[PDB]
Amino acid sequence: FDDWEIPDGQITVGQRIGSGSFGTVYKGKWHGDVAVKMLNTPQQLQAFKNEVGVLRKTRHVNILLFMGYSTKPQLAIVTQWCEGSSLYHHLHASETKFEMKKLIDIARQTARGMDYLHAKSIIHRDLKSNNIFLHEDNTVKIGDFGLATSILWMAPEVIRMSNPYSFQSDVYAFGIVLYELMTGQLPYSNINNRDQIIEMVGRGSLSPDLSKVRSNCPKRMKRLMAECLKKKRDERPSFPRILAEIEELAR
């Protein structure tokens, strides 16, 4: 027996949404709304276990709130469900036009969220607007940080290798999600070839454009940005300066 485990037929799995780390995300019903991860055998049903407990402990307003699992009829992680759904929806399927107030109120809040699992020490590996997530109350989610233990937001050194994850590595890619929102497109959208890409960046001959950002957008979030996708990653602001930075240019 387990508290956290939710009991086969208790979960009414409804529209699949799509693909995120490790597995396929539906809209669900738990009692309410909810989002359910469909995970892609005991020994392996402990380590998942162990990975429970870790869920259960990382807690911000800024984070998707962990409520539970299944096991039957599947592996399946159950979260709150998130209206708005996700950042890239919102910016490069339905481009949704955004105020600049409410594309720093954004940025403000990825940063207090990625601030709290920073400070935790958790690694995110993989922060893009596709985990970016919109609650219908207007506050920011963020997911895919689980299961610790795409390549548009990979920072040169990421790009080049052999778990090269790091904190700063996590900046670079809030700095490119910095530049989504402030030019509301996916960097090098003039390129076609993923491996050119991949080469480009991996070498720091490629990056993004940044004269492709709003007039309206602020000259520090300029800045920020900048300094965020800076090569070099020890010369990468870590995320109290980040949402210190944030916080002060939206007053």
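Rigid core here is just the name for the largest C-alpha set that superposes within 1.5 Å across the two forms. Residue numbers count along the first chain shown, from 1. Compared with the form deposited in another entry:
- Of the residues 221, 201, 64, 34, just one CA atom moves 2 angstroms or more between these two forms under rigid-core superposition; it belongs to 34.
- Core-superposed comparison between these two forms: CA of residue 171 displaced by less than 2 Å.
- After superposition on the rigid core, the Cα atom of residue 231 is displaced by less than 2 Å between these two forms.
- Once the cores line up, the CA of residue 240 ends up less than 2 angstroms apart between these two forms.
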Second form
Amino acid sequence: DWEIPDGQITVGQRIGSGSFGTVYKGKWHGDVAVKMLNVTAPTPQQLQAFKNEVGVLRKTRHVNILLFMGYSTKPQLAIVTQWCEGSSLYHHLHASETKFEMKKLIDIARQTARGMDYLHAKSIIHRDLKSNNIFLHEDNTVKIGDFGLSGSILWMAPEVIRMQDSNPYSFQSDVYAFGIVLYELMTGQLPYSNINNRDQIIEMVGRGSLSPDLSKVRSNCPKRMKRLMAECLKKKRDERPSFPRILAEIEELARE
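Return the form deposited in another entry of this protein as a structure block, the form deposited in one PDB entry having already been given.
We keep it simple here and write out only the one chain, dropping partners and molecules.
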């Protein structure tokens, strides 16, 4: 069991709110992160969210997935993970001075492909893959999570934006989102940055008129990565590849 008794965890600095609950830095046999429902009387929806989140985190033991360590129910609903030193891939690419060699951009893509390949193998659909949810622990190891701290529409597949079918999230919607991460790495830019109304992107991507401008990839982006990227961004859901095939293509091409 992964339930942590009461009176063991210390809660330190409040980092931010996210998904459901607030994240804190904390102390429990070393540094930890603590996501805590800051509500006196939880609703059933809140309780169920917490159980669903623990339910999935429990199933993960992989170096590229944020390390779940346990949970607590009293005094508040709380999920405990490893603390990560550094900042998100989003921060490095679009909020900072930082410079990546093409070797490291390929490696980030590969570590991300491993973690996503692992999740999909255990029937877990992320639903919100994006560079802000890819953490660079010690600026060296990718850690996938849902860190919380609008936003997500750039990584939304057409079918997801449209919302035609009850809950449109699929392995392939995750694949599309990974495609958009590859765009970020190989261009250094968020897609649709030439278009200035958020409402148009939503209409045009869902309509199928707008997709990322693949001309803006770098001169030294390998040609196979470019082809892959475009295989992931296919507008029809079922033309997209699977992560075993994606992982194999990025590990083949990174050998060279």
